[PDB]
Amino acid sequence: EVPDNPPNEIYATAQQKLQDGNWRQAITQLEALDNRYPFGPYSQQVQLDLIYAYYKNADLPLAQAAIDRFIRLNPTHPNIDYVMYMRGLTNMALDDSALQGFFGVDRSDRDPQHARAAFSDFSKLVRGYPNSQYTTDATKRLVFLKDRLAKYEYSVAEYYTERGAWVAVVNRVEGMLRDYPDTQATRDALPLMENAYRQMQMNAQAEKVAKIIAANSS
Amino acid sequence: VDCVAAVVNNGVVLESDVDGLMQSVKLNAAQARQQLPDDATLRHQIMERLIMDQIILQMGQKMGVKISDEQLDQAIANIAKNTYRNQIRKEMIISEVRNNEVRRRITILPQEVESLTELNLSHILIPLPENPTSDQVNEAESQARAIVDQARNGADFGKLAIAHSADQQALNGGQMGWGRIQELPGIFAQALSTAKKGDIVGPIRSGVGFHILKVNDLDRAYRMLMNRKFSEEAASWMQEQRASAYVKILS
Amino acid sequence: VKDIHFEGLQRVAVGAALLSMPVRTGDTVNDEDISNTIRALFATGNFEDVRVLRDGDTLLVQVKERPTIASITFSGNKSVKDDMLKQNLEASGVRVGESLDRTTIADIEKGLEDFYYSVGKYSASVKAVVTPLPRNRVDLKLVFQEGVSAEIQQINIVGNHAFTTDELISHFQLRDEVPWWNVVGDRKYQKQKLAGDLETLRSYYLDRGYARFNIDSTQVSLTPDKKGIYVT
Amino acid sequence: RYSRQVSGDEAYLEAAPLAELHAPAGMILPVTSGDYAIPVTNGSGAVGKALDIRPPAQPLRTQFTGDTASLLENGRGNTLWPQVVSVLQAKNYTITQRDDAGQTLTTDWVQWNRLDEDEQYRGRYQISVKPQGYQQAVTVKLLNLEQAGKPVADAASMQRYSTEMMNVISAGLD
Amino acid sequence: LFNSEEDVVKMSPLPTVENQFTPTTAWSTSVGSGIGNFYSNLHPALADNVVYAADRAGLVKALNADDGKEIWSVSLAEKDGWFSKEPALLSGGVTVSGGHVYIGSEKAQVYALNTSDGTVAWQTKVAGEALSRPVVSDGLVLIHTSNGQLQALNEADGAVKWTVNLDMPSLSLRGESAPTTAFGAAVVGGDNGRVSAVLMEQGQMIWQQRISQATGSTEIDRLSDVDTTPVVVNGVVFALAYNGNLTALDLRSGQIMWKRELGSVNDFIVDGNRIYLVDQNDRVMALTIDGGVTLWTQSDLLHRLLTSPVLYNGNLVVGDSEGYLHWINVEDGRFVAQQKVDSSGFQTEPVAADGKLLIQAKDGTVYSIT
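Chains as they are written, first to last, in the deposited numbering: chain D, 26 to 243; chain F, 25 to 105, 126 to 160, 172 to 273, 395 to 427; chain A, 26 to 257; chain C, 30 to 89, 96 to 107, 109 to 210; chain B, 22 to 391.
Calculated from the structure, these hints are not laboratory results. There's no promise every hint is true.
Quick partial rundown of chain C residues pointing at chain D, CB under 8 angstroms, derived from the structure [to be verified]: (1) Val35; (2) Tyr41; (3) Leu47; (4) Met56; (5) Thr61; (6) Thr70; (7) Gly185; (8) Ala189.
In silico EDC-like cross-links for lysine to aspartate or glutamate, where the CA-CA straight-line distance does not exceed 20 angstroms [said to hold, decoys possible]: (9) F:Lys134 <-> A:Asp58; (10) D:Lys81 <-> C:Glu155; (11) F:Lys50 <-> F:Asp63; (12) D:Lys42 <-> C:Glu49.
Derived list of chain B stretches under chain F, where covered just means 3 residues or more per stretch with a C-beta under 8 angstroms from a C-beta of chain F [unchecked claim]: (13) 276 to 284; (14) 308 to 318.
By construction, the Cβ of each residue, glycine as well, lies at the ideal position given by its N, Cα and C atoms.
Please put together the full structure from these sequences, using the hints given.
The structure is reproduced here in structure tokens:
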């Protein structure tokens with residue numbers, strides 16, 4: 026298929042096809058020259074290009090594989106902040122269906138396992154590299170993820186209120202308080218806690234949570 | 025133009041070394057009155073000698089613990105009555141590993157299980184591999200018959216010994232000095248019974264190859401047996417080592 | 026020394042080539058020294074043919090470059106997958122993109138023979154084909170010959186005075202014979218199936234109150250033909 | 030465009046700020062795990078579609100420390117400057133205003149980078165003054181203000197690109 | 022049927038015939054069916070001008086020599102088990118002693134029969150399934166089972182006089198080794214790779230020697246078991262392993278003299294000073310006994326699945342899986358004749374007790390070659 030050509034022109038056509046925007050043959054030639062010469066000086070830049078290519082075409086599992094490979098081979102590459110940011114970005118964008126956003130139903134109570142991992146990745150980036158090019162975007166996205174997780178937690182607690190399993194709702198809102206005592210979801214869910222304590226007539230703490238709610242009413 | 029004459033595993037077979045070998049053998053023949061054979065197959069014989077030297081050198085030089093040199097100086101001083129000195133040491137280190145490795149392979153029982172004159176004789180070896188790859192034994196027998204007949208007819212001996220032999224002593228005519236009937240391999244009792252000084256002795260069958268023997272002349397038991405034993409097991413070991421090797425001609 | 030330069034350095038760093046050999050510039054040149062440095066050229070083994078040639082003008086050295094693998098293919102592997110063979114050669118330091126060690130070819134072949142030793146193909150032969158490529162590269166053809174694999178001749182349970190042998194063999198997984206009118210399985214012995222079959226047999230006796238029953242031993246025997254397998 | 034921006038979703042920018050929960054008198058708030066804890070950092074980061082999601086250009096003596104392009109051990113380092121002049125006269129066909137040779141200081145003019153990606157022509161001037169740092173005759177480029185589309189924009193990402201154009205070519209031929 | 026699913030294996034071509042003198046089949050007398058594609062050592066016996074043979078089915082034939090006359094036959098199949106028609110499954114090579122015959126089965130039962138009448142002497146249970154031919158000596162008989170237990174049975178009536186335990190590795194070959202007797206001592210080779218000399222009449226083991234190569238390139242295969250029958254002559258014992266070490270030593274617990282890297286499972290023949298054998302990979306080698314050095318080697322045929330060679334009237338004779346039978350000159354390994362005698366094939370070792378040669382066809386009947 027693709028002839029064994031010097032790395033010079035194969036990389037040159039890689040760059041110019043990528044600049045064109047055609048991505049199928051772009052990833053094809055990138056993987057070809059990556060397999061052929063896993064020793065050249067291109068390797069760092071080849072893989073940094075290939076991760077971007079996999080992300081843009083939405084081949085996300087393969088992007089995650091390649092990004093794990095890259096992190097493994099050079100854990101202290103001088104410009105690893107970009108690849109960590111891309112890790113977080115792919116992981117977050119994998120949590121979209123592109124049809125429930127058409128109809129406007131909010132995916133705040135679906136499977137929140139990709140959101141958590143994206144949060145961990147963004148947090149790791151902001152911890153390690155607070156002086157790089159990807160700080161403010163990371164903070165904004167990370168706030169968004171925190172609010173989404175809070176929304177999911179409130180969804181589960183609200184359902185257990187409808188069912189009437191008050192120990193479960195007590196524990197869930199307590200976990201809310203310990204883990205996300207900063208979002209709007211917990212502020213809305215405190216009344217569920219007071220209702221729960223009033224249900225089993227453990228009201229002695231119901232007035233305590235009543236003060237908790239009332240103090241920050243405004 | 026000291027190029028590489030052959031490809032031999034890791035090392036190389038060069039041209040200056042074969043030049044030195046030819047020079048040494050020819051000057052020794054000039055001194056020792058040995059006939060100077062025509063350099064038609066002498067080139068290839070010296071090349072084969074150097075190739076087997078390199079292979080036996082790779083098997084053992086990388087291992088063992090070299091050798092001292094003051095004893096070499098003393099020995100060469102006794103034998104008297126920086127290019128030259130280089131080959132003097134290599135033949136000791138190559139024989140050291142050779143002398144050692146052959147002893148490791150062969151085990152010795154006490155001599156008393158074996159119960160209890173000196174003759175000059177030459178030897179010629181026809182290299183036959185583990186199995187006749189090209190049925191060499193078929194031609195080997197024809198060549199052996201022809202050469203033993205020519206030995207009877209009255210041809211000179213240095214030429215015949217040099218011609219197409221294979222062992223290390225072959226360069227100097229293959230003479231083994233003085234041996235008695237019990238230092239020679241266990242296959243020549245009948246040959247020494249049916250021999251005389253200067254007459255024909257038929258070629259003998261063996262795994263390594265046929266052997267042409269010409270009668271050039273006419395505590396102890398341990399060396400009595402050790403000589404002949406050493407002979408056969410060293411010959412078999414060198415043949416096997418050569419066979420399991422990768423050598424490519426370059427020219 | 027006036028001028029030094031090497032041929033065939035398509036991939037070779039000149040610095041390494043000069044640093045490996047002893048003489049660099051400004052030393053006496055005679056036959057023994059040049060021969061010694063020629064030997065030192067092959068010291069790394071990264072060459073296939075380097076030589077010195079007689080000239081009255083300065084110095085010149087001829088060098089031939091070791092080929093580097095471009096690809097590997099495994100034609101003839103009917104019953105196995107190419108990717109596992111690729112991993113096997115990966116482990117053996119025969120990763121694609123390395124100098125083709127012609128010395129090791131027999132070892133590579135023998136290692137693949139030991140690889141088929143696992144599956145059960147014992148009379149197999151593997152051959153290597155070396156195709157040079159432009160830029161002085163090499164491609165490898167791995168020709169596999171899986172001749173005939175092991176076959177179970179007969180399963181022989183010995184020592185029993187309650188159940189016939191066939192009534193017991195009928196409920197194993199491995200078979201010694203199959204009906205001529207039906208093709209649903211083969212006699213392909215596997216090391217794992219033995220333990221499962223022994224468990225099955227132990228259950229078969231012990232479920233009907235043969236509590237003391239136990240295995241004396243098991244025996245797997247190969248005929249010196251690599252086609253017959255006997256089990257006792 | 031689909032070339033230099035994040036995926037099309039942009040609804041996270043309007044994220045409601047976090048209002049920390051006050052503790053009423055007489056009781057306190059439970060312990061925080063800290064697994065989901067947000068730190069504070071410096072701003073001035075491109076957000077939304079403004080952020081340039083494009084793999085960085087690794088130079089291929097290849098100095099990559101920002102504007103630092105001081106490539107230096110070859111004893112023929114002087115002739116590299118006319119060898120660079122070969123790149124100027126030919127190759128890019130660019131020229132230098134004050135190209136000293138004995139001082140080995142070349143003032144190459146502003147170029148015009150345009151390689152797809154809807155990229156406005158970029159005018160980058162470098163200080164091609166050749167030093168002798170830690171080696172034989174070194175060569176250096178020290179960039180300055182770069183015009184591009186705007187009057188002059190000197191974002192951190194673009195500076196890596198502008199230096200790269202010369203870094204790729206100069207290492208490419210010389 | 023499955024041979025079509027697989028590509029044909031490689032086999033060496035047949036050499037030239039040049040049949041200098043042509044013997045023929047003296048008589049094609051029939052002995053039941055053959056053993057077929059089952060690996061067993063069930064060669065017939067020559068005794069006082071009659072022959073004794075058997076088949077896996079259980080039929081046992083006593084036949085007149087010099088002609089294909091069938092003196093009598095006995096159906097020794099199982100007639101008392103679960104169905105009274107069970108397969109006899111006989112594998113142990115026949116043995117003759119006095120007027121009695123000993124036969125072994127792959128069913129842990131050894132059968133003694135009385136000659137000249139077809140009468141059954143007795144039956145005996147032996148540990149493990151018997152595969153090695155019985156050896157009779159000193160009013161006793163010895164059997165090597167494929168379980169690791171050498172066993173002795175009283176000749177007169179049959180009784181477990183003693184046993185000796187042997188070690189067995191996991192994936193050994195067939196434990197088909199027949200011990201030989203000398204001066205009250207029985208010498209044998211087990212599948213462990215170590216030969217053993219044992220004092221008779223109590224089971225006291227005398228000495229054991231290790232005869233094997235290194236651990237090989239791997240653990241898979243590279244088997245080191247010994248099954249060929251050790252040969253004692255001039256008070257000297259020869260043994261030979263699978264990968265192989267030609268181990269010759271002195272009978273009086275004496276130690277090895279020399280070792281060589283040759284292995285086989287087919288028996289060798291020692292005559293005068295010469296050793297003659299066919300090894301694994303089926304090459305035929307002749308050596309000496311003073312030092313055991315190789316005299317000559319022949320590999321014209323390779324992997325042809327030969328038999329144990331047998332001397333005959335001055336030259337060696339070897340069978341083939343194809344049914345070819347080759348005469349090898351004592352000197353030079355030159356051929357003498359190639360006999361396409363049977364199409365079924367030759368598997369079991371021959372017998373040359375007298376000037377008459379008898380050989381069993383693996384899937385057919387016995388044949389007498391002149």
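To see whether the hints hold, each was checked on the structure:
no. : hint                 : verdict
1   : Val35                : holds (7 angstroms)
2   : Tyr41                : holds (4 angstroms)
3   : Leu47                : holds (4 angstroms)
4   : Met56                : holds (6 angstroms)
5   : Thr61                : holds (6 angstroms)
6   : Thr70                : holds (5 angstroms)
7   : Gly185               : violated (17 angstroms)
8   : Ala189               : violated (15 angstroms)
9   : F:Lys134 <-> A:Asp58 : holds (18 angstroms)
10  : D:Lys81 <-> C:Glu155 : holds (19 angstroms)
11  : F:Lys50 <-> F:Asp63  : holds (10 angstroms)
12  : D:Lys42 <-> C:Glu49  : violated (50 angstroms)
13  : 276 to 284           : holds (count 5)
14  : 308 to 318           : holds (count 8)
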